[PDB]
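The data below hold one chain only, encoded as structure tokens and taken in the form deposited in one PDB entry.
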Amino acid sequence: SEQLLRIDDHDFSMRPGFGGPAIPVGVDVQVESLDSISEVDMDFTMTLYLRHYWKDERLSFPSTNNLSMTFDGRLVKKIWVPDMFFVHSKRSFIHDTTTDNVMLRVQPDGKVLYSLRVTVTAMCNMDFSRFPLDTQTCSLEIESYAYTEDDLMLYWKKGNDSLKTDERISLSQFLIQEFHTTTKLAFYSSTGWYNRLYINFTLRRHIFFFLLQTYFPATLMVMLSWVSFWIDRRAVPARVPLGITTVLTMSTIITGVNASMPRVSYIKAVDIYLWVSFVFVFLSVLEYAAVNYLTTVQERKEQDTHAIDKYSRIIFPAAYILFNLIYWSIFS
């Protein structure tokens, strides 16, 4: 086989067409899976197939018939091939069981297909200010390590038709949508200009799960604190334990939510809602302290419902409704 290719007779340390125009190299990608995601480290992991296409007259071979020849990674060391790398990647590797998952297919005309299977972890900067109502966009980037656009020209072989994605692709914690491709020119002052390829996608959460587990309990506890305004002010051993036990219950709820969340140490939209609800419950405990004190002062001086309860029955609900209208107009 390797005697028909004239491997011993050519310098394969240099590209096709050296000293002349650039070599055009086309690319396809097939995404096999999304493997995990980390919100505190801000990265994601992906497994894919990567395919390259070009022509080299040094590899043309005589044949009576149109049959191609096929080789593995042991030929790759002896000929020239393109030099792609993944930009902004944290780590990656090429699969090797039961042997190296790499292939070369060569036509009698000297056209080449070069194919490999690979796993990569890449960074994706995330903003959690609107959590849990946030939306994140991420991308994977491809570039030549050593050749500027004067020597190698890199492009998507079929436009957006160059990207395929597995029919069963999913994540346990997110909804994935809107896969599409783009390109852009980039500059490095030590070397010059390069073309870069992009794969783009969007992530979203299951909203009703978070509403049920977080917003609904806090709202129910605020409503229980209002029941106190309808209990007789003479029942001190009933009015006093109800308040402080409601404060304890709101406190344990907020502690459990904090223990369950990812460790992102800045203020988020759900934080604001919980601490405002805590303040409403605290203020209901100050209301009865005022009522009891003034009742006692009148009983002492002088020796039906009090006006403060009458007003609280109206004012506490109205204020909480106003808060909710503003909050949901901000976070939509």
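Positions refer to the first chain, counted from 1. Here, rigid core means the biggest group of C-alpha atoms that superpose within 1.5 Å across both forms. What changes on going to the form deposited in another entry:
The one residue among 182, 137, 258, 89 whose Cα position changes by 2 Å or more between these two forms, with the core held fixed by superposition, is 258. Taking the rigid core as fixed, one finds a CA shift for residue 40 smaller than 2 Å between these two forms.
After superposition on the rigid core, displacement of the C-alpha of residue 108 between these two forms stays below 2 Å.
Put the two forms on the same core and the Cα of residue 287 is off by 2 Å or more between these two forms.
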Second form
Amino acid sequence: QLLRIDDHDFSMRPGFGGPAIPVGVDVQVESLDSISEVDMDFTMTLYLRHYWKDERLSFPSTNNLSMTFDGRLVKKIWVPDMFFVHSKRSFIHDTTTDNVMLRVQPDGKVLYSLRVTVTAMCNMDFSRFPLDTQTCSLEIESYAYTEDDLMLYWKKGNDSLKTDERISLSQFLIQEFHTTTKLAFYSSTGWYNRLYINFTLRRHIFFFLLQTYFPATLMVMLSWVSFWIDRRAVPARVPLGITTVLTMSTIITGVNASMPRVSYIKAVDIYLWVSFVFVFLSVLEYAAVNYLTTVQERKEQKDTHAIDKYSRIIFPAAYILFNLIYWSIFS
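Starting from the form deposited in one PDB entry, produce the coordinates for the form deposited in another entry.
FYI, this one's just the chain on its own, none of its partners or other molecules.
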């Protein structure tokens, strides 16, 4: 055997009872799988690498080059115990074998790599939905060893993060990849060191505009055509107004089916409900005209009405002003 595995007890970390052993980390991101709004989490697949030195794995050689083993010797030597904080579920690929790489240098330097898929939670805000921007992060920490036994740091600082050129999302735009570092404290175990991977996401507005905003505007303009119809056709104008109200209500209900039960109103809800009020007022507009006409005929017994003439101009002006204000605030 090139390595004297049986001659050492690997139940203790290198430098047991002494100073902490530094550990390096390199991360390459492969792809992002899915994002859930109701569950507020994301899925990521990445390659995780570790760097440390152990004199117990030294072997004699003359070339001074790294040597690669099959990978099943990992379960017989000491390995760090990094874990993902605030994660919901994760696993390691095992086809056709465990995705494990083990390279040992003659002086004892060890390279360890893994391929994992991790799901982590992220707190999102939907105040500006669907024109919002979300930021999420991934955390890496050691579970068992504190800062007095193991020191965790990025292997090459800002250059330790790499991303595949094929990473893309159908509904989101990915940008601003960077890493940071911060300490963590637990009241009953001590202090630990954490590593962060940050990114930013931006939605695409084309789908929401075509599916929600355009149908809403068309329904509002449909109610305006009743002002150009003669008021004597009562069974012809009343159904027009009512059907528009019912259609607008159906549109509002269908939008909320794909969003969670938040406690605050979203930007899309404001636009839909304001449009509902405009259509509702249109129905009441004809009711006033009909009542006044009946009273006028009764008084006389014992042309275009003024309300209709002014409604032709006031209603389009108010809606256009609302759009200018609404789109200026939300850009």
